[PDB]
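Novice: Residues per chain, in single letters:
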Amino acid sequence: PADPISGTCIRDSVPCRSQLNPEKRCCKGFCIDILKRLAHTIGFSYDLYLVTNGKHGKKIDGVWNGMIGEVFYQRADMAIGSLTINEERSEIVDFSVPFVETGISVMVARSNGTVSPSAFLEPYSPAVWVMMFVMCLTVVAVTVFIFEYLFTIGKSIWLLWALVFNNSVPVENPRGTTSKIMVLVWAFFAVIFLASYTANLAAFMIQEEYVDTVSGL
Amino acid sequence: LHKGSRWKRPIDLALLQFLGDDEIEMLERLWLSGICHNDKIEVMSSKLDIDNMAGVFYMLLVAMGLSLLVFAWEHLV
Amino acid sequence: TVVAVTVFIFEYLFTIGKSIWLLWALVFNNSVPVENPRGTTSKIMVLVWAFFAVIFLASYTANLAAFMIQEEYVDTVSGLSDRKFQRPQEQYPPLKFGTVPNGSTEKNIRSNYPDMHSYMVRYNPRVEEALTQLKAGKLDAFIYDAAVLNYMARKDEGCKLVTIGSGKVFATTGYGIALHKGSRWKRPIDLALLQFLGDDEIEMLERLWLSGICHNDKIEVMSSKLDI
Amino acid sequence: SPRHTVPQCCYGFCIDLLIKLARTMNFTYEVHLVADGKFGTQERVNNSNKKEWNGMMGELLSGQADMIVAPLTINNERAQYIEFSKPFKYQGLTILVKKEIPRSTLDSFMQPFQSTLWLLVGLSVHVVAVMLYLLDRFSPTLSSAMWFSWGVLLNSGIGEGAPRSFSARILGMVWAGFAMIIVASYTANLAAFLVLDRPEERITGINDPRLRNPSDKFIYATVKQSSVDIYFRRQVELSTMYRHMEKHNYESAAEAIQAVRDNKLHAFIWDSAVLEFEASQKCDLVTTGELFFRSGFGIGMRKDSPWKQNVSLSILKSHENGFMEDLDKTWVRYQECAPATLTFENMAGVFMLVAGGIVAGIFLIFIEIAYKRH
Amino acid sequence: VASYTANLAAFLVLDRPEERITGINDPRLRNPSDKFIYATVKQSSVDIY
Amino acid sequence: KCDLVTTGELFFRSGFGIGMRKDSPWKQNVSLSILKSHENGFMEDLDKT
Ligand SMILES: *[C@@H]1O[C@H](CO)[C@@H](O[C@@H]2O[C@H](CO)[C@@H](O)[C@H](O)[C@H]2NC(C)=O)[C@H](O)[C@H]1NC(C)=O
Ligand SMILES: *[C@@H]1O[C@H](CO)[C@@H](O[C@@H]2O[C@H](CO)[C@@H](O)[C@H](O)[C@H]2NC(C)=O)[C@H](O)[C@H]1NC(C)=O
Ligand SMILES: O=C(O)[C@H]1CN(CCCP(=O)(O)O)CCN1
Ligand SMILES: *[C@@H]1O[C@H](CO)[C@@H](O)[C@H](O)[C@H]1NC(C)=O
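For the record, the sequence lines run as chains A, G, Y, X, E and D.
Per this note's numbering, the very first residue in the first sequence carries number 1; after that it's consecutive.
Per this note's numbering, the very first residue in the second sequence carries number 1001; after that it's consecutive.
Per this note's numbering, the very first residue in the third sequence carries number 2001; after that it's consecutive.
Per this note's numbering, the very first residue in the fourth sequence carries number 3001; after that it's consecutive.
Per this note's numbering, the very first residue in the fifth sequence carries number 4001; after that it's consecutive.
Per this note's numbering, the very first residue in the sixth sequence carries number 5001; after that it's consecutive.
Among these hints, one or two may not hold up.
[Claimed, not checked] List time: in silico SDA-like cross-link candidates among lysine to any residue, alpha-carbon distance up to 25 Å:
hint : chain 1 : residue 1 : chain 2 : residue 2
1    : X       : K3051     : X       : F3027
2    : X       : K3372     : X       : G3357
3    : G       : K1008     : D       : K5048
4    : X       : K3317     : Y       : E2106
5    : D       : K5036     : A       : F72
Rather than coming from a laboratory, the hints here were simulated on the basis of the structure.
Starting from the given sequences, assemble the full structure and let the hints guide the process.
Specialist: Now the structure itself:
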């Protein structure tokens, strides 16, 4: 409704004239803005006739009630607003170019917090894991051979694997002159490997919001 | 419009010109826009991730079974 | 407190300073020799502290990952009136800042800041073909008209910031339409331009003709750990 | 309050500029503050828009004052009626918002792992340890096995009695490997949470979706009857904003800033030349966004005033060749005043754990001593 | 060691490929450059638009 | 083609059409046939195929 002292409708509005078989109202919105621009371009004078006999349109025992009813007959030659296009309405009336799209769409709540998959614990490529295993076996064989040159049989493999994981695992350390250097060099590789693995997971844990993608009804 | 109304052509071209420059772009943004129109948010994944937990435990169970199998093989002799 | 509790529990059922030594080792990397106090309940205390060490270390490493995410910082001069420019021979002088000589910017600075212009003339008769923008790797600051300096900054491959904004510009003036003295066109043009500023003008026109790839940006950079 | 011409004393940028102008052209000035605090706008009264010139603008136009030295913005409406000298300061509308303190999160240390995950690892340790004891006793103790499994997971050196059987050894190694995976996953998850846990982004200009879609939770306004009101009314794209600001439009440039500090407001849109000073002087507010109505100030004068030519020259010559820096750096620039750090959200959970263990340890020792008594 | 891992995590997290165009409002398109070659089909509705 | 990805948002939202000469008497029949058959039970059949 217009303000008691407003009188005429304020800017960005048009005089709504709700009519039936009196009060002044202001009608504004999307389609009204379209109507104003059409009048300015085409160059006619409009007169809103806000309907009250029904809804956007329906057929009752051969009678059209609503905006289509008014457009039908000769009561008002336009029905600007929210009017869908279908065969029945387009058969008795003459629509225009669709300025807004519509349809029977589906609304689905987005799945907040996508969870990392089961295989999210492997930032390393399959060749990355295989190469690490082969190097561990080669290093273990080198350590045992060096120790034999100057006991330990399976301890080297046990010790070699412990360093790559958390060091908190009991293990006998093979004493020697150069075998220790090999252990340290492997130990540095374990530290560098573990740091890289933990760093990657931090990048993998950063997920997004995933919404189920239906096929469209 | 009324069936056969002469206004069909002038209005048809007028609307088609609106789509060219503004129309939905300007008008729909004013009247049919919301706070998060596009929205793209990164979420710190909680480590519940029963798929993630299941995978780690699945390997653990397989290793546990392998240990049992090797123990039986050694105990065979 | 935990170390005192462990020693007291051990005394109830040797170790004097070993508990403090052992307690500190767990909080850091466990790869440190230490004698473990044998007991019935003291071990439970060690494990509970050990869990606190694991939780603490994980939190500490996690935070550094957040701290290492830095940004691009541009030196914020005071706008041609900073102590760096005037009387440069007070602290470590900035890399020689020059401009195109035999112009208008040089005349203004010489007439207003003779001391700065004395040192500012190290390398800058006429021209220099404004190549200092491409050679802004051996000299720090460049002084010249702001209208073009903004354009070259925006249009440049990559981009470099300009120590200027609403303020920080020495002799801020504008671009006009030089009409004849007393011409009647002054009023109609004056109002016409003032209306352009209201709706489009610079907004629409400057974006079309005076815009670059990185007009604005704030790029996060993975800080290299050189960081002396 | 007398409310009738109480003699005060003024000083500052504009007054300093006025004194310079008077000296260089022989004025004799008598300052006089506007009767009603208001910059000036065209109001409609009795179907006569031009009749109502509210604020200081009306005072100059009516005849009370022949010069309007003040931070008066230059726009079309005023330029049509009064004469504006060359700008003495270039500025533009900008948004001032309160600085958001970077608080932390993760009130508990166990947040990254769900309650089920903690239980799964808890029973996993027990089941693994018991099986190891059975394998060791098979010959192809419980206390030793429990100590070893617990120590490996917690990364403690209390481990003793390493498994001897090959089947036990392989199971133990896989158990240790699982321990590394769990701890590494926890740290990676925490790093992702901490990195992605930052306060809400600021407005960043008038193009922000928050402003373009006004909501009752956001209260941004301006000063009533100013150039900001005129700028928004003229534009048609900024239709939603004006209706929102018209509701909470304030009464002065000082009241609005106080509202922002008190949290009653959320975003103030005003001249950048003033907001940038308040942010610098007050260490609680930060101005965001980019200037979107770049204009200047001006010493407005009546259309027939003969001072226009020698005020405009005086501004260009004195103010903006050796003077602007002197004045601006003295009254505007001279006055001058990071990811969150875990403080007591992580420690509270961890510390409660340590204290909780200590009480349990005291109970365990009493139980242990009682058992040893018999 | 902790500093090294944190630095690596920051590098890995911030190390992602260049963002895609994401509409006609992207600065790359609004500021054409010789390094970007975007075109359409000759004599179509795109040319008229 | 699993090598290309479409980015951005539609910015010239329009439609296709079976254009005909201005005096063609098929316009009413064709327009009804599109609305009735194509876009009630047929569009999904054709589009999904
Ligand atoms: C300001 O305006 C006055 C006139 O209002 C100028 O006065 C003239 O000055 C010139 C040069 O000194 C004389 O030849 C004229 O005879 C003066 N006329 C009057 C009426 O006094 C004055 O020069 C101008 N000054 C500035 C700063 O522009
Ligand atoms: C296709 O067009 C034909 C004519 O061009 C339509 O035939 C008319 O149908 C109505 C109702 O069935 C009759 O009253 C007319 O006499 C028919 N015209 C002629 C010339 O016979 C037909 O209805 C149209 N069909 C569709 C689906 O649009
Ligand atoms: O085209 C116009 O007539 C109306 C038709 N409306 C149908 C609503 C069917 P429900 O109420 O949602 O079951 C949608 C809006 N436009
Ligand atoms: C300006 O010049 C006049 C004429 O000499 C002089 O009387 C006046 O004192 C000067 N300045 C002022 C207004 O003080």
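Novice: Next, verify each hint and record whether it holds.
Specialist: Evaluated hints:
| no. | hint | result |
| --- | --- | --- |
| 1 | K3051(X) to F3027(X) | violated (31 Å) |
| 2 | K3372(X) to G3357(X) | holds (22 Å) |
| 3 | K1008(G) to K5048(D) | violated (34 Å) |
| 4 | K3317(X) to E2106(Y) | holds (17 Å) |
| 5 | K5036(D) to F72(A) | holds (20 Å) |
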